[PDB]
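In structure tokens, the next block holds one chain alone, the form solved without the partner chain.
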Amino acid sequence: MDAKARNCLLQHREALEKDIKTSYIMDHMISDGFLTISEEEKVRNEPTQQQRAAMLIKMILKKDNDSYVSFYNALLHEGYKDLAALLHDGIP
């Protein structure tokens, strides 16, 4: 993804990981088409909520612009408008 978007995720990494429950966000991104079911299972396998969110963010950091926007939209739609507001200015 564009550096602007990546740097924004890094800036806000700790809050994102602190706060996010992954299950609904991930099904949103899978329905959208920008997270695979194999990626989802890797996240789901982690044994705590912080560790699942850490895995998800780790994955997203390696994806493209279209995936950043899908993640952003999932935050907007699945109960994290606060976190979406932090990532808005980083949209590719």
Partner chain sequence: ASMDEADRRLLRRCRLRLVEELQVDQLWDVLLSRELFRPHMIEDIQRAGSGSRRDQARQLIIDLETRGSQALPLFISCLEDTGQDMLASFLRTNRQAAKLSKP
Second form
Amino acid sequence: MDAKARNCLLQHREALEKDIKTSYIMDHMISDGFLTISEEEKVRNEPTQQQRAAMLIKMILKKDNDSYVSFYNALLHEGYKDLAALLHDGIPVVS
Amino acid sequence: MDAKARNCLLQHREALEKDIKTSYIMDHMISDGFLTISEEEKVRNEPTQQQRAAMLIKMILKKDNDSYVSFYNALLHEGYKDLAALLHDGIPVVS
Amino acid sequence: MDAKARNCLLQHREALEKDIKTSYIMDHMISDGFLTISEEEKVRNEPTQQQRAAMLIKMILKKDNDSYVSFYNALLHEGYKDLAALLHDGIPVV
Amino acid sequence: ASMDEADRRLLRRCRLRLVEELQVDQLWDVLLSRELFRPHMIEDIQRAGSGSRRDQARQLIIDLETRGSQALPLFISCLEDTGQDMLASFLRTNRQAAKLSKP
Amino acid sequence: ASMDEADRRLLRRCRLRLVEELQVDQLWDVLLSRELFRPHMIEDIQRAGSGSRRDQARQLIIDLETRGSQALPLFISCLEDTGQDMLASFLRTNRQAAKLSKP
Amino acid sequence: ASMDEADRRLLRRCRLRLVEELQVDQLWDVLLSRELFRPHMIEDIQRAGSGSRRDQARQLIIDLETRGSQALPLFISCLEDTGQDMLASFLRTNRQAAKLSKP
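Following the display of the form solved without the partner chain, present the structure of the form deposited with the partner chain bound.
Full assembly next; the chain just shown is listed first.
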């Protein structure tokens, strides 16, 4: 994705990894279409929560803009209002 | 194993690897006695369903016809009916 | 290492190779001192259990008497009573 | 004949709606009697996650992809059997829609 | 005096039966109190695979082969201690049938 | 900025007790805060062996040998502020005794 967005995610990485429950978010992103069954497997294949979060973000970093937006919308639909707000500035300008 | 069988198995290797779960199949193949504890351990060490299936088939390709048939019936008993149908045409007949 | 010490090792290398779990043994052998992190790494990096066992044994053979003793003691501490007994009549006194 | 890409894609797309609406409370027996899984597999799908309905449903539709070509409509039939006519009709009409459009 | 190949063959041929019927729940304590395994070995076996009864059982009868000559009879005794009489009777019947049949 | 041979000797001499009694659950965050391990290395510690707390501990005390001459005090402190008091006291005592014993 755009370097700006990547920078935003990296700017709030530790902030995300402490609060995010991967299950619901990954449900959303899979529904949107920016997360495969394999990737979901290798994320869910982690024993603790923070590890799953870490892996998930680590994967999103390699993806594109629409992935970032899907992730933001996931955060926003699942009650993570302030984290979504944290990612709001990094949302790629549309065209 | 025979050329026809080996060719069949290769020709359907990826179709197999996308679906099958080694945990289920290997029990049957262990019971039949065409799969060893060591080989089972080598498969189980793999970090993915796909990779485990791949290692399993890699093991089986270096084996005889009986091992192929064991793998086939293992698929059959565990509900993998379609894949069994796929491997069926290349089953070494008895004269 | 010694005469019938190592000869006893070769006498029953099959059972040892196909039974023991190097993970549990190497901890004792490390804590006793007759094994190193490098050798432990060399053994830990093997695909199968029996290969780890075989590597470990290969390394044991090159070592000396007190190493044999510590190997015995590891086997005994970990509950490999049969194998330990099978190794008993091969302990030097040097 | 493994499950075609249209079906897997259809399961992944409405994954949310499935892990939300799907009642698994009665599904198991029908899943067994229509030969989608075997008992120990059902045990696995039930133990998955925390054991909540959502986690169970999720693991179910995740594992469903591996059960062959006709695994999806068979599944739909199960939904029809447990009185989930609504969700079933949704999935069925959407699959029928998907099949009638290509490339 | 390692575990003989007849016993190993026995544990392998009846793998399905074991992993299907075995009740590992009350079995752990008994396994320890007969010194078949050290405690950490038990806790290692308990977390094998998904942690399901089936997986635990599998790893149990796999690692059992390394415990010595009388590992199998001891294990059967464990099965009898926990009240799993059908399975234990099966194992004794086939072990005796096997060792009397040789050659 | 390289660990002494004596400290290595200590981490190997008490390899068993460490592997037995180390609690690595609340340890990660402090380990990263106290800057004892790099995140890459911790990431490898967690994934060593089978994920078993045992072998995680093993790989931890193995990787501890490549963290300088201040590794043991910092680690012991990490033990302290995570409520692992007795282990800390044991390591501290044995270490000081080891220092004092060699002229």
